[PDB]
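On the provided structure of chain A, position chain A' with the ligands as indicated by the hints.
Number of protein chains: 2
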Amino acid sequence: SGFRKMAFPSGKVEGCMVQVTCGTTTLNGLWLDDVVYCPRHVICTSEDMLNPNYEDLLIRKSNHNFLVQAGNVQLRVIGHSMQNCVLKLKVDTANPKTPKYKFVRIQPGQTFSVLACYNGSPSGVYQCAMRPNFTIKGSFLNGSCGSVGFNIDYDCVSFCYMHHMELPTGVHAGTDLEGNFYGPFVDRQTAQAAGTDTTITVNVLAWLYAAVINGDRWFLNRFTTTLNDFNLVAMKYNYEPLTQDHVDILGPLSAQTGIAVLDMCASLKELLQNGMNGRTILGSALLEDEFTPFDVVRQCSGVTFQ
Amino acid sequence: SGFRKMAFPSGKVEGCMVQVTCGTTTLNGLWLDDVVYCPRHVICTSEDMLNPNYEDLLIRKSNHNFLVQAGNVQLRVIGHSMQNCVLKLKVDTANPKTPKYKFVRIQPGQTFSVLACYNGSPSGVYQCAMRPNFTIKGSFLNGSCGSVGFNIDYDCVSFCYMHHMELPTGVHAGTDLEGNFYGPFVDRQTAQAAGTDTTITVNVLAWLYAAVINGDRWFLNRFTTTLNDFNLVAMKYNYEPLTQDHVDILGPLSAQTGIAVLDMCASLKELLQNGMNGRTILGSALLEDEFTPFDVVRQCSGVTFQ
Ligand SMILES: *C(=N)[C@H](C[C@@H]1CCNC1=O)NC(=O)[C@H](CC1CCCCC1)NC(=O)[C@@H](NC(=O)OCc1ccccc1)[C@@H](C)OC(C)(C)C
Ligand SMILES: *C(=N)[C@H](C[C@@H]1CCNC1=O)NC(=O)[C@H](CC1CCCCC1)NC(=O)[C@@H](NC(=O)OCc1ccccc1)[C@@H](C)OC(C)(C)C
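Keeping their order, the protein sequence lines are chains A and A'. A prime marks a further copy of an entry chain. Note that the first sequence covers residues 1 to 306 in the deposited numbering. Note that the second sequence covers residues 1 to 306 in the deposited numbering.
Okay, chain A solo, but in the shape it has when bound:
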């Protein structure tokens, strides 16, 4: 028993991190087979950031302008290309530590582990969710760009996030590994802001199921609710609407605990209406929304990875 913010083991990704240096800018890159992926604003200078035209900027670069360091080893760039907001540097050496991997673009609400890096060197790993406003509440300092977010399924690494920028409220924006930003953000230093966020309802419900699996039942009640009446209360508290698809996904957790999904909804409704009244759930005094139904089942049942 117990329940923790659990990240995936990071070793398969650690063996892919490298340093990419161009001009006066150093950041991280991801080395898979003979290609190194990194944010295209590495080719920007301190005066290009305002409204850069990356196509102009890139046609002006030579291969030898890109300095790629993998440990104590320099890789030579033999080609480059831009795909949306990511730069792809072809190098003459295939990374022998390349895991099995996919690139996937995730939906708001899904979670992933972030391996935070500086100068191609991993610093720490933590669990994140893509927020409904397509930011992530990360932990990132200067030089962290090019750090990736990821999931693992058995032996396959599904990369879903590369870090690009911090927004004025201290939250973070980035792209999938094909260079498409999550959300309306763009990689130029112009006024942008996160947009109003909401709480991921389906995830709060899964975490309440986790609490029941772990012995916390104080928040349950005998009541039930309809989906309509639940969603009417959720809107008032700035919660994402719950759909029938969400209900269906919460099926396995419902059947294992014996608490119908709509009954757990009735319970969350009273938690929103009455607060927690100085009590905690799974060590939290807040309703936690960064565990998906899959995260709960994974941790409360013990799925491993090779």
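Keep in mind that the hints are not guaranteed to be accurate.
If several chains are the same, the list does not tell them apart, and a pair holds so long as it fits within one copy or across any two.
Within a straight-line C-alpha distance of at most 20 Å, the following computed DMTMM-like cross-link-like pairs (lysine to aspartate or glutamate) qualify [unchecked claim]:
#: 1; residue 1: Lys137; residue 2: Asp216
#: 2; residue 1: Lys61; residue 2: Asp197
#: 3; residue 1: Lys90; residue 2: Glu290
#: 4; residue 1: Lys88; residue 2: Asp229
#: 5; residue 1: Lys88; residue 2: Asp34
#: 6; residue 1: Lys100; residue 2: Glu14
#: 7; residue 1: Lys269; residue 2: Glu290
#: 8; residue 1: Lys100; residue 2: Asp176
Don't read these hints as lab results, they were simulated from the structure.
Structure of chain A' with the ligands alone, referenced to chain A:
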């Protein structure tokens, strides 16, 4: 910016995990050089657990009774010995992925990352503290024994914890890597209980410094307090006493923020007296005590590891 429960990258430890099978019992072991470390209750059977005499039990075992699996590879045991509550299986092959490492026994209050494993396969990584009552609030299911807790300093892995048992309140007990339990617990299935826990004062203060580094100042006040008067209020709220050593350790964080340690204490005093009044600190509605002063500096300044 941002602040997260950050674990160390786990790859150096992933390459050391193996499966150890003896009779009807499977658990995890730690393979460093030509030795595999694992909990000695692997040699117990379902009827030995009540009051086992491990010396009796072990002299009755042969090397070929221990089945050690490293991936798709069986290792042959060529010797065994018991050191306190850990079993050391000498195998004929040195682990080529052995990182630089130390074994260290930590003090209550120190934090570490846990790589949770089943059947020698890593499942997830998360950050823990050793609680003042020498338990850890882990996340552990059947088969998780032999999972280790660890810190990393540049390139060196300091192993500090191996998992052995869960206690009736759902918290966890284990040993250092030389087999000495943290706390008064023993590895026999007899009535044991955690003992009264306290909040790690020095860590709460460090986390309040983290919040100031990240832009939260709403909890500060103009007041100050003496150490004596602070400790008188801490005892009342079941907080560990703060010593001058603690004050000294909080020096760097004091100097970087410009908030004297005793002023931050005055702030924590009013937080304990008045609660947080529906506000949050670093996304938490509770006073968080599982970050050390070192954790804060590491994450708010970006220390990496090779
Ligand atoms: C990458 N290594 C770096 C990571 C940042 C640094 C601190 N935390 C992080 O996550 N990324 C940047 O520093 C990045 C440089 C790029 C961004 C794209 C365009 C080319 C330069 N800059 C930022 O993240 C800045 N954010 C930003 O410009 O957002 C748009 C904006 C501009 C003006 C006013 C409001 C919003 C950060 C560093 O700047 C602030 C917002 C002050 C943190
Ligand atoms: C290892 N793989 C396993 C990990 C546990 C399982 C669930 N979560 C975990 O962390 N360890 C055990 O299952 C372990 C077996 C050993 C323990 C030492 C002696 C030889 C057998 N057992 C336990 O962790 C049990 N705890 C326990 O016995 O504590 C002492 C006790 C005994 C009776 C009454 C109160 C306290 C667990 C599995 O049992 C309970 C407490 C019911 C969870």
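Status of the hints after comparison with the structure:
no., hint, in the structure
1, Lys137 <-> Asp216, "between (27 Å within a copy, 15 Å between copies)"
2, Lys61 <-> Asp197, "neither (39 Å within a copy, 60 Å between copies)"
3, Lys90 <-> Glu290, "neither (36 Å within a copy, 43 Å between copies)"
4, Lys88 <-> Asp229, "neither (49 Å within a copy, 60 Å between copies)"
5, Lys88 <-> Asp34, "within (10 Å within a copy, 42 Å between copies)"
6, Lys100 <-> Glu14, "both (14 Å within a copy, 17 Å between copies)"
7, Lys269 <-> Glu290, "within (19 Å within a copy, 31 Å between copies)"
8, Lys100 <-> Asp176, "within (17 Å within a copy, 35 Å between copies)"
Hint violations for this structure: numbers 2, 3 and 4, all remaining hints satisfied.
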